[PDB]
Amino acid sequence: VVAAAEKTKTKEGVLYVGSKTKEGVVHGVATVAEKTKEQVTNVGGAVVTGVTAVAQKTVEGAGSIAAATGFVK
């Protein structure tokens, strides 16, 4: 499991957000197990969670994610 990233090197990249929420419940990244034997989970990269969510320009530079997720029996 190898990840390699290389980077070699007027409004730009500007965000305005206004949010109004009377009630918010946000769970993000969740793993829940109840009465479970084996649970293998991988979350990688960018997760944005919101009642309002904005992602801008998330990976302008090279980004690499490598995941091996699992079990051997």
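Numbering follows the first chain given and starts at 1. What we label the rigid core is the largest C-alpha set whose atoms superpose within 1.5 Å from one form to the other. First, how it differs from the form deposited in another entry.
Residue displacement note: residue 52 has its CA displaced by under 2 Å between these two forms (rigid core superposed).
Residue displacement note: residue 15 has its CA displaced by under 2 Å between these two forms (rigid core superposed). The Cα shift for residue 62 between these two forms, taken after rigid core superposition, is 2 angstroms or larger.
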Given for the second form:
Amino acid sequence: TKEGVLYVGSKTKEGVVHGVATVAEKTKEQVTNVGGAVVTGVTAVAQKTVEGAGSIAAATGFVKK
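Mind pulling up the form deposited in another entry next to the form deposited in one PDB entry we just looked at?
The next block holds one chain only.
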């Protein structure tokens, strides 16, 4: 019957979330890469992520030199 049903009940009082925080000082070539399939938070739920047959969920960071 049910196929991929999700119930999320969240009851918080004080929720402080910082997804991506980057601090750079006196810095040269620098990569901060965040992505693909990222769930961040007091109540973080992920279901059936990357469900495609040839699907790609990626995060690629680099410094080619």
